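Presented below, as structure tokens, is a lone chain in the form deposited in one PDB entry.
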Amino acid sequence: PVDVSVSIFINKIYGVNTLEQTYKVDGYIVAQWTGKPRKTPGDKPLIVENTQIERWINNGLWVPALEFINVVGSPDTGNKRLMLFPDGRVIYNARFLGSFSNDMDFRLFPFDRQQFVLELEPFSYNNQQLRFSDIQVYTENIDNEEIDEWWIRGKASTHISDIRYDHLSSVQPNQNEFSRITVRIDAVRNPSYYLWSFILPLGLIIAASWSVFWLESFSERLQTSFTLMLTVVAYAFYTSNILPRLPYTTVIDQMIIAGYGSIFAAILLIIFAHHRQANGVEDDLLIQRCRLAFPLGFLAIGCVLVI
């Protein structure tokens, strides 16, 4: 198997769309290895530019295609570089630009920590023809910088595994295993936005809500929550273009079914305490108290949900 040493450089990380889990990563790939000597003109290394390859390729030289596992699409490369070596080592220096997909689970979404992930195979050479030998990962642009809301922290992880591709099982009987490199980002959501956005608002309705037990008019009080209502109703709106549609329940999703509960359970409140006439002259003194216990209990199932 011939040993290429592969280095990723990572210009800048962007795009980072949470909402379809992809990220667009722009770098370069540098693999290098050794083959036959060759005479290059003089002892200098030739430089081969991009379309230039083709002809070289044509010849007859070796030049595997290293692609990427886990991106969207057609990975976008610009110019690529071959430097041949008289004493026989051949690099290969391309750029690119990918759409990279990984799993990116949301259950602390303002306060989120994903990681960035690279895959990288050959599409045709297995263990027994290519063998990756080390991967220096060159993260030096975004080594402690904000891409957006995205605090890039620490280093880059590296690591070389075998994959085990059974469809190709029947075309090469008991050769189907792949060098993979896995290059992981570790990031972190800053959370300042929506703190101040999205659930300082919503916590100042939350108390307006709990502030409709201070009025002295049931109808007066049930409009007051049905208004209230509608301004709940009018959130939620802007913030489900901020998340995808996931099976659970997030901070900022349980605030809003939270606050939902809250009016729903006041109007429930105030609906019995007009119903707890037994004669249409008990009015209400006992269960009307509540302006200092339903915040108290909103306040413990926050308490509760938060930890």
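If you superpose the two forms and keep the largest set of C-alpha atoms that fall within 1.5 Å, you have the rigid core. Numbering follows the first chain given and starts at 1. First, how it differs from the form deposited in another entry.
- Just one of the listed positions, 170, 79, 124, 197, moves its Cα by at least 2 Å between these two forms when the rigid core is held fixed, and it is 170.
- Core-aligned CA deviation for residue 145 between these two forms: 2 Å or greater.
- Superposed on the core, the two forms differ at residue 18: its CA moves 2 Å or more between these two forms.
- Once both forms are overlaid on the rigid core, the distance between the two CA positions of residue 239 between these two forms is 2 angstroms or more.
Any chance you could show the form deposited in another entry after that form deposited in one PDB entry?
Partners and other molecules omitted; one chain follows.
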């Protein structure tokens, strides 16, 4: 088996798409193996560029096709090259921009914690013909500053395993294990924008909703509650335009439904305080002691729901 040493340079990770669960990684890949000795011009190593590589492969040079398992489509390969040494050492360096995929969980949306996975595997050669020796990952370009949307936490985590394919038992007996490289990069979201523009004014709106029981009349309370309901609907749409599409409810979504429930509970208490009459003229004040109890009860419900 040929021992291939891979090195992956990550230049930038961006373009996270929550609906399709993809992201875009840009960088280089450097594979290195040892073949037969050869005589190059002089003694210095020989360099083959982008179109010239196909000319050398047609003449019988062995260059394996390394596949990204979780890429969507095909990577946009830029420049690529081969460096052939007279010793017999071959180095294949290429640049990619792919759209990779993973199992991404956005259920805690502003306070999220994802990891970005690249999986690499030979397209055709099992580990009796090509096994990966070692893998170094250089993520020195991606940073941790407040400008960046995602905080990359620590260096990348690497792994080399042997994936077994059970459909090859009919045609390739005893040789169906393929050598796979996995690269994981942990990342934490920047929650500052979503905490200052979305979480806080919704809390202010919900807190200002509770001050309709200071109104003296009853029709004033209902008209004010319906104005607050329109405010909560407008805020729900204001958040739901500027946020990533998801098939489940995030934290912000949980708070919008809490706002709707607060408005409807306020309307129900106003009606029940109005309806407590002997025949239609007897006023009420005992139920309206919830100017300091209903906000606390709703806050306790929310604190239970957070835990």
